[PDB]
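One chain follows as C-alpha cells, the form deposited without the named molecule.
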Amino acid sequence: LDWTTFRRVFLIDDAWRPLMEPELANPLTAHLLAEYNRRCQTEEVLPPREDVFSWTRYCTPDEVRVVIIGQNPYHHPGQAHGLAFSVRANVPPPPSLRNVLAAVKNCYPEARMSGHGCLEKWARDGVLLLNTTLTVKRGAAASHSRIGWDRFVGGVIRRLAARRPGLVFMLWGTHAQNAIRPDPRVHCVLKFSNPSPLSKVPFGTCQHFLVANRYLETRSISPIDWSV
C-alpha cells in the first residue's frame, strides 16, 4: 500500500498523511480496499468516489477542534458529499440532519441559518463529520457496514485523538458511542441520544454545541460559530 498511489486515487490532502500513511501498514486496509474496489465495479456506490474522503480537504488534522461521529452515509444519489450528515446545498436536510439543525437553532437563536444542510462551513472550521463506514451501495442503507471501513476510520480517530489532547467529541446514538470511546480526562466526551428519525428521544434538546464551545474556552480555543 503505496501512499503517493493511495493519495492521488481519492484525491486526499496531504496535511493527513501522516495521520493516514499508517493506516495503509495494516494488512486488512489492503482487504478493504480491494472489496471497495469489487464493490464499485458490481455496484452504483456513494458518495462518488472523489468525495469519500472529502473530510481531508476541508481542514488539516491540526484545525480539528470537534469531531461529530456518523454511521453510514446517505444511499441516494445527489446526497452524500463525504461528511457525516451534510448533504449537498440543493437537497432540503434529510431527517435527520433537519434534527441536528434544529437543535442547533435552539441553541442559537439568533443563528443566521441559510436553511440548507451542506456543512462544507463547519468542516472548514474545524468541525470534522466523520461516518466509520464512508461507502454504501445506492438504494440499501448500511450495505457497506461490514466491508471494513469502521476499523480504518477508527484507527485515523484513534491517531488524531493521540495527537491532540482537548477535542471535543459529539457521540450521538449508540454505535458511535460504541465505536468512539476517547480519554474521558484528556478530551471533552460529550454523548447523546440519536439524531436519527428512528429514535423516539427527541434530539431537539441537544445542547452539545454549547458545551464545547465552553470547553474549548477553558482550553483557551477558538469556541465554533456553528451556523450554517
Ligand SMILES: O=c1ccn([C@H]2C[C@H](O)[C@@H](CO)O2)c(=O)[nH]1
Given for the second form:
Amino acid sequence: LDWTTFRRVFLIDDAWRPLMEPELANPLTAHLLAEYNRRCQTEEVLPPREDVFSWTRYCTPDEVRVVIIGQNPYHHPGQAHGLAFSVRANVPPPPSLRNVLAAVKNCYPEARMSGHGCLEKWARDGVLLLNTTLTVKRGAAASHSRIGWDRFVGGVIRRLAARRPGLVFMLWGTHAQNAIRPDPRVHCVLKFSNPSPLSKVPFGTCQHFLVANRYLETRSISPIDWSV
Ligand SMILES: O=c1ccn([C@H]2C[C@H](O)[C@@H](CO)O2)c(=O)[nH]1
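For the form solved in complex with the named molecule instead of the form deposited without the named molecule, what are the coordinates?
Now the full complex is given, and it begins with the chain already shown.
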C-alpha cells in the first residue's frame, strides 16, 4: 500500500500520516481495502468514499483532546458522514444521538443547542468521533462489522494514544469498552452504558462531558464547549 495513493483516494488530510501510514505495512490492511472495494462494486456503501475518513480533516492528531468511540455508521442515505454519532445538518438527531445530546444539555443547562445533530463543531475542537467499523451496506445495519476496519482503527487509536498522553476516552457500551483499552494511568478513561435506544439504562444522567473538562483542566488543557 502506498501512502500518496491511499491519501488521494480517500481525501485524507496529511497531518494524520504518521498515525496511519504505518497501518499500510500491515498485510491485513490490504485485505481490508480489497474487501471494501469489492463491497463498493456490488453494494451501495455508506458513507460515500470521500467521507469515510472525514475525521482526519476536522482536526489534526495533536489537536485531539477527547476520543469518543462508536460502532457502525448509520445505514440510511444522507445520515452518516464519517464521524461517529453525527448526522448531516438537515437530519433530526436519531435516537442514540438524541440521547447523547440530552445528557449534554443536562450537564450544561445553559448550553445553547442548535437542535441539529451535526457534530462538526466538536470535531474541529478535537473531539475525535471514531467508529470502529467505518462503512456499512445501505439498509443493513452493522453489515460491514466483520470486514477488518476495527483492527485498522484500533491501530490508529493505539498510535494516537502513545503519541498523546492525557487524552480523555469516552467508552459508551460494551463494544466500545472491549475494543479500546487505554492505560488508565496515562489517560482519563470514562465508561458508561450505551446511548443506544436499545439500552434500558437512561443515558441522560451521563456526566462525562463535565468529568472530561475537569480532567483536562487538571492537565492544563482547555476544556471543550459542548454546545452544538
Ligand atoms: O456513527 C454512528 C452511528 C450510530 N452508532 C450506534 C448507536 C446505536 O448502537 C445504534 C444507533 O441506534 O448505532 C454508532 O455507534 N456510530
